[PDB]
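Residue-level listing of the chains:
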Amino acid sequence: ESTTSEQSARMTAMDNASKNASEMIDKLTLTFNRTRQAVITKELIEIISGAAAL
Amino acid sequence: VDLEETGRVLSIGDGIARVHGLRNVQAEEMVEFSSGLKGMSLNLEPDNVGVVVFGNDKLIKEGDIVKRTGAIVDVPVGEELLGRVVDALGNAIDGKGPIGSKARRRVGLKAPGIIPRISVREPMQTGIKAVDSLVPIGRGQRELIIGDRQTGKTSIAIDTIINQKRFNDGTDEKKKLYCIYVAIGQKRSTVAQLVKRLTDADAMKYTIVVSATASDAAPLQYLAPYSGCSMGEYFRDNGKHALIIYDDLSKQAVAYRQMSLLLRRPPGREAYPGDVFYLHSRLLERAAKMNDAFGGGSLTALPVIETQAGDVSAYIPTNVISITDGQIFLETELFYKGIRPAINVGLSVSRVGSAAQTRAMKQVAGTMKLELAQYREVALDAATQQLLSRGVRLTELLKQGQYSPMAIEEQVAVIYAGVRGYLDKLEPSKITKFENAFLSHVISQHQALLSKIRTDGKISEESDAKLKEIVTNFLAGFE
Amino acid sequence: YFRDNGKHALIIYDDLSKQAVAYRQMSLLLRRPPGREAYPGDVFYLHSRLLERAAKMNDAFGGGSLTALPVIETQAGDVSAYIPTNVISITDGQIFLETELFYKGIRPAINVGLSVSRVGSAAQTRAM
Amino acid sequence: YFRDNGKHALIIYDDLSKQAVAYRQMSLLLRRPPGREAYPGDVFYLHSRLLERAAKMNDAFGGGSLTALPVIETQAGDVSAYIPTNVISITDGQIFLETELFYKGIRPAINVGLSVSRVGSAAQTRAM
Amino acid sequence: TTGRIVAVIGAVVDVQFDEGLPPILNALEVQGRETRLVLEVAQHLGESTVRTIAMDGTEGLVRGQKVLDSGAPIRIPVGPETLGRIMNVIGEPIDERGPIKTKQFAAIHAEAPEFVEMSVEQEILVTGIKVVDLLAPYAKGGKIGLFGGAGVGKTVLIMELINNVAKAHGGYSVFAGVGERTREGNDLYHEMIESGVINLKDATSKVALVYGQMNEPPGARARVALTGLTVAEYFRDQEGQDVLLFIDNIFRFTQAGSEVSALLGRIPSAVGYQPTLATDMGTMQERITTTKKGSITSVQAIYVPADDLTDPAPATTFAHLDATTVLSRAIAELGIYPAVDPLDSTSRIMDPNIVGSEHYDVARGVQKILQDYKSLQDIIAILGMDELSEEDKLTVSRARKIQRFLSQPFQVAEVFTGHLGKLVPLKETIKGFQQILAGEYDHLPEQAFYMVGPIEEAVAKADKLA
Amino acid sequence: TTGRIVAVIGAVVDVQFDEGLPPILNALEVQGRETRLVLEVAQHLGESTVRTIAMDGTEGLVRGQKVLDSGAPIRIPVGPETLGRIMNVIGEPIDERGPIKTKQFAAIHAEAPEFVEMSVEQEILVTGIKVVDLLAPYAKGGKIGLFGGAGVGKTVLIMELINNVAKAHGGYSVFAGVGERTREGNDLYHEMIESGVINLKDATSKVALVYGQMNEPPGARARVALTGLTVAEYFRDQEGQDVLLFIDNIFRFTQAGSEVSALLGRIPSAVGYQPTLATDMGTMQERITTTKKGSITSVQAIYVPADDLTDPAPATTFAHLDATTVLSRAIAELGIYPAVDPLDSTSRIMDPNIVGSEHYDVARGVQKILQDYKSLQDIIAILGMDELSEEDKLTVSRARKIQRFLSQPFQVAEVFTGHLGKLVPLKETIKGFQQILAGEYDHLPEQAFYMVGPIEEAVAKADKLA
Amino acid sequence: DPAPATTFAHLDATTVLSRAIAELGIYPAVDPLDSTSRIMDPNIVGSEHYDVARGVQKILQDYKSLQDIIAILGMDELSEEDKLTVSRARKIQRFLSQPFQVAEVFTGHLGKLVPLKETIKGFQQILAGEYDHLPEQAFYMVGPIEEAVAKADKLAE
Ligand SMILES: Nc1ncnc2c1ncn2[C@@H]1O[C@H](COP(=O)(O)OP(=O)(O)NP(=O)(O)O)[C@@H](O)[C@H]1O
Ligand SMILES: Nc1ncnc2c1ncn2[C@@H]1O[C@H](COP(=O)(O)OP(=O)(O)NP(=O)(O)O)[C@@H](O)[C@H]1O
Ligand SMILES: Oc1cc(O)cc(/C=C/c2ccc(O)c(O)c2)c1
Ligand SMILES: [Mg+2]
Ligand SMILES: [Mg+2]
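Taken in sequence, the protein lines are chains G, B, A, C, F, E and D.
Take any residue in the first sequence, count from 1 to its spot, add 218: that is its number in the deposited numbering.
According to the deposited numbering, the second sequence holds residues 23 to 401, 410 to 509 in order.
Take any residue in the third sequence, count from 1 to its spot, add 255: that is its number in the deposited numbering.
Take any residue in the fourth sequence, count from 1 to its spot, add 255: that is its number in the deposited numbering.
Take any residue in the fifth sequence, count from 1 to its spot, add 8: that is its number in the deposited numbering.
Take any residue in the sixth sequence, count from 1 to its spot, add 8: that is its number in the deposited numbering.
Take any residue in the seventh sequence, count from 1 to its spot, add 318: that is its number in the deposited numbering.
Please note that a few of the clues may not be correct.
Restricting the straight-line Cα-Cα distance to at most 25 Å, the calculated cross-link-like pairs of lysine-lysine (DSS-like) are [to be verified]:
1. A:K311 / E:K162
2. E:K111 / B:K118
3. E:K376 / B:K359
4. B:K187 / B:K384
5. C:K359 / F:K301
6. E:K430 / E:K175
Keep in mind the hints are simulated off the structure, nothing from the lab.
Only chain G is shown next, with the shape it has when bound in the complex:
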């Protein structure tokens, strides 16, 4: 009765761990690109301001 409940629960826990992780992958993926876009834009505005000041 013990191992039936164990592998049952482990199955469930790991199912949830995997799904949580998957949800976390997306959220970080969104952040990355929001950061990725800002860095690029930031680097560019620094260059423009530098050329325009001449």
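For this one, chain G is given, so just place chains B, A, C, F, E and D with the ligands on it according to the hints.
Below, chains B, A, C, F, E and D with the ligands without anything else, positioned relative to chain G:
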């Protein structure tokens, strides 16, 4: 010869015409190019005028003659614009001949100050159950419609427009609502389809459509909302009620960024100019409710904002939330799962609408808000399973198709069923079915009561007890 | 010279990051407009006109060829950086190498899942 | 003054972040083209020459000294940012404080791994 | 003498004078207008030309148009008859109740109180809000700052504070609506009439209103704070009295600043902002202060663009405050109101010798368990509750009960919450968190702590849950 | 009339004209060159000088070299004589078959059809390809994003689309190679010759090719789309057809415009894209649409930079798409041709109010059964196929049987395989899957539905299997 | 960063130091998965030197990709040959540390110079498994392999 009323084009190509002369022009005054294009004096410099071009500057050459028009940028205004499709300047684009317009109003007029206003108080009935009950709107309020592409945003605006027919065919003049749909950045075919849709619903006869589409020049796209807004103000300041839709402001800010970067305005967050907030703020400030001493008129503004990947925290989304009086937020995930209209209730607010919600809706709505508040918290003991039982079912009640907006009394009878537990015994995949069978039954058999609820604006103790009969009688016979 | 006179040459450009940098220098000092990463608007053109000159000629023209193995250095494996974006887009495939594979004892450090050749089977003998 | 007259002094600069903000202001209105993070290209030098003047003189010059404690504010715990690293790269060590340590109860919120002294046990009594 | 416009661009107008060049900061009156259009001299461009900033719309202006030097900067009414009135940036009445007839006038530009004029006294100001009074309490005569992103609760919190602090305070108040909503002005004005803190027929008015909302052009928003502020200075100095000053929203001053800086032809600084961001704000903030001559308790709403507290506007604001209350979208979205971040709000009177060791110990304890819990949240987000040791589970359960008990129903927010508003005495706040830290309520379910006042209500809600 | 080159800086050339100036967008012919050098007027600098963007290399140009204003924008040959031809951006043949002899020429810059010239109706453009029509159907005059990249049936699908639209709707096709790789343009041209869609012997050709190769200047690659677009506008406008327009690829149209923008000295916008990103896109896209006379439908290949759907380029693009065809490598490796993913591929017109109540319900059932088949494949791996419920046994059979019926043989590949291709009428598509879902073919073997036309040929394939 | 990035190519050997590694007290804080030499080649330093080195990087890199993984998924789930490469890499990391003569003021330790062969031999031995019984901290901040063994006894009491 005359450089006081006239100038010649020095340079052109950055969407900005440098113009020698024009010594007597005003700031923000419309000018008129030799090719028929309109323009706006923006930069009054010692030796030139910077003129923003209200169309395709391919048509402007060096040496072209520009004339003053004497007028600060304004647009045609009045009732003759109803049933018409116009471009951002007001010139008709539906090819139904000239607008027979009698007054004109400036596109940049400062919003009404503090004194002439009073807090919103008359319902602006969308006809969408989820909105009118959970995110209710009053006339004069600004409510943002916000979400990723393809989440049902325009739908909210359209059914709202279509809903007003019920009043616009009455003789109750204060109960009426004239609509203006401002298309900034959309596909022209999308707009054309839309007025066809409106025409089909006989709604176009009380709508003004202002169009500044994907292929109109940027300055036009930027102007359209203000042009739209003055047309609205006509009704606001005249004891009448207008609703305006800025569809959508994301695209308009894009229009404005293009103008500012070409004008060499220092780029800030996401290359947007310092004044990107002010661009929207001044506009939406112009939606207002006027007290009885200034007519009692009102302009309601439903602006549209397009999020990237449900990110409400980005520059432009937050600017506009920082302007309007709450938001309907539309989730891609909800839309995907077919939950429609895809309203995230938790993240949606109306900062001022509770005051302008009918008592009749409020009596079923307050408890629905509450039971849905409990259900989100727990998405096998007695109590907490029942809030699941109730929750899924209220969620099915908020579903609704398009182009069938609902009279307020019809909405409450439906929600009554829900909030009085009558739906608990049935299965989730049958609530939609029960709703339509039940709604059409009461429309055909129990008109007296639905009218009485509309007329009393309330559910009376008789009405309630009478509506207790109708539901029990129907549910026992629903198969 | 080989391509046109019936023969086959292999060209290794080592590397193009550094080439672009030299051009970026000249452009900026010539006061041409800086773009992403301060590269000018003709940096893709620079590399695309080089790499198009690699080609398989028909028999009518001698039947020779010039094959190009351009080299691009990434920074922290950013294949989405301006110049890498340009050469990846331009080429017919990429051999991607990684530092983690390297120290895993996988040498040469070719990422086999990511590397590609759109020419593919077309340039293998039936044996392989 | 103390330093060169056989006396010892201690100077706190609270803070040099805000000084940098003020020099960036002054520099841009003098029409000097902005550099990394809008600051001028010599923001390092701004702090380098100030802090090199904290010094220990030998007996022939008086035996006096001046000890500095520049203060730098970070943004969201990032000791590794451009400006922070500039200053770390001037001084003889740093004491890095963190909010997480602070509220965990570790006050003074000194992060041991990331802090250092470049003088080490030479600045301690034999006892310590 | 008399000057002619030679350039216009949005808020920025250049004016050439043949003799008599007006000093920087002088207000200039543009002739040929139906309503008064003030220009403020900003810079001396040279060649007998000055660059100025407009306090209103510049549509209609022509090159050649005439301008008069007023001889001074913008002067505005100050004194007892500003009370009950609404004025604009240039002191004009905007309530349609006629002339404002004061004896005194003041310039909106003054230098900041000198170093010798500072007060050193720190006395706690109890707000009745649990989160604030516990973790980062306000101080009488101090500088309070309310940080928050779009829609997270800045204005509710300030209105709540006006209810909870102003009413029971025998002094005068100034509310400066800066770049915010006009209909909120309309709300605030009638609410005060309804409560009689503004009386339309008495002399008993206690608040003065200054407004330049988001319908105004940038110059107006760029200066309204100075107006509002100036009115507050009079009451502090020319009476010695206890003045309250609420600004919503001060960020709007820097943003406004940002909008004219492009036009004024400055080289921009970080994120597009004006390279004078810091000093602009400093010259203005340093005026918002308690002096030896009289106390000002200032509560300023501070908007965070794009939820980025590293943005120059808010980042530069932090160092001007004696207490911060940083609101958090994420927290508001979890239902905790006020959406106070308990580990980002600070106060300079959070010191055992000012608030007493008991208060200090509980607060540090509350913030300790909240940080330990915050450290555990990544292990939670992958593997969840179960994988934690028995100990961690306890820090979790207690922290979560503590987060909920930090929330409070506001009298001003009863429509959104569905609860009658609550105001908790300082003692009761301490004893409540104390008791949750000693483990006295470990047996109670979280939900009991959400949206209550004193600890006793949580208990009652627990029993009510059966 | 004739002007003189005054400045050559890379692919930007400035010309001075003594008399009448060539308006923006006009095409300039540079003299004294072995091959054609077209300069597109981009700006009017003042002082009688235009700024131009070169359509070819500028090596060799001398200051003073004569430039003839053609009096119009770039005009290219259009009409039936273009079919089977490859032209470049300025309308010259590059297939070395001699002049394209048409009775019309047309300018590549045209404004979009007016509001009145728009069809208010939404029609399906039947492709004959089962997967598409049923699940992600094309709007007549809509835009479709094509995802996949290499080795996924991308060329075969294109070639079959050309063929099916010529047959069923009597419209031709245009292919615009924006940043076409010379090598791949050689391959595609021959692949088209071999499949029949181009025919070099007679005049039965169905595509016209316009190539903007990668080694051409920024301005060339930015304009090729327009060139091809105008070739397509002839067929819609002069002949009343429903035309197919392929753009390969739409990302390189953006980038090319970004590079043009950068050369003209303009300030980059977010992520270094041109500030006119949206308008550049808008003025090209809006031309793709249904008029009262005919329609142009466009199949556009998309590259998503950084795999970021929120990158300005794909963001801006998506605003114009009405449907996506997604070609997946996974599906190809399962032998499904076309390699179309039935779950990933969407359409805006997948709406009962447009395609009909019936067409809606079948698609949503096919979508549902495939989604539910994905739910079980884990339990298939865990408990085997014989531990499913009897209703669940069916969903699998049916799902697997639907999966294969979505595959289909193409005419364009009759040469390579020996199997006759199928253009399947919309109603037979609707019916086939309609009847499968109902279980009217559960008794039939799984392999009967694979690589088949209409549902009759599945029963025919089942009866032939001994 | 443009500056350091442009420098690598002017170099025949690169010693890259890391803050993450210094933070752990590992000095010199050399990153063994990012430091290189032109002469790190068997035809030059011999097959014995090369194989050892490559091994050290192998176990270290293998460890690095197990780190973030077992940090949340628990140590106990590992194969008994995997959790040996965990124990061995963690020792080799420490054995990479070394007290410097010029850093006596920073360490408290005496400076130690390790001859080439002794370094090769010491690491060869750790990879072999000859010290799986020795405690981690025994290899920390010592010179040659002997002193790790000696340090092991001083830690035994
Ligand atoms: N209440 C509804 N029930 C069912 N379908 C709906 C509903 N509302 C919208 N739709 C469908 O969903 C699609 C998208 O709705 P739409 O109103 O275009 O949202 P949107 O976000 O404004 N679109 P876009 O502006 O192009 O991003 C349309 O094709 C509608 O047919
Ligand atoms: N203490 C609170 N209790 C309950 N709800 C609240 C509270 N504070 C804010 N809200 C909700 O959030 C909404 C916005 O509040 P508000 O005070 O306008 O925030 P804000 O930060 O001033 N918005 P903005 O100025 O646009 O950034 C209110 O209408 C409420 O629905
Ligand atoms: O969220 C965002 C989005 C974005 O597009 C840009 C920024 C910041 C840009 C920046 C640009 C130049 C600077 O000098 C600087 O300090 C900052 C932040
Ligand atoms: Mg829409
Ligand atoms: Mg607010």
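We went through each hint and held it up to the structure:
no., hint, result
1, A:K311 / E:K162, "holds, 23 Å"
2, E:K111 / B:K118, "violated, 36 Å"
3, E:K376 / B:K359, "holds, 11 Å"
4, B:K187 / B:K384, "holds, 23 Å"
5, C:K359 / F:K301, "violated, 41 Å"
6, E:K430 / E:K175, "holds, 12 Å"
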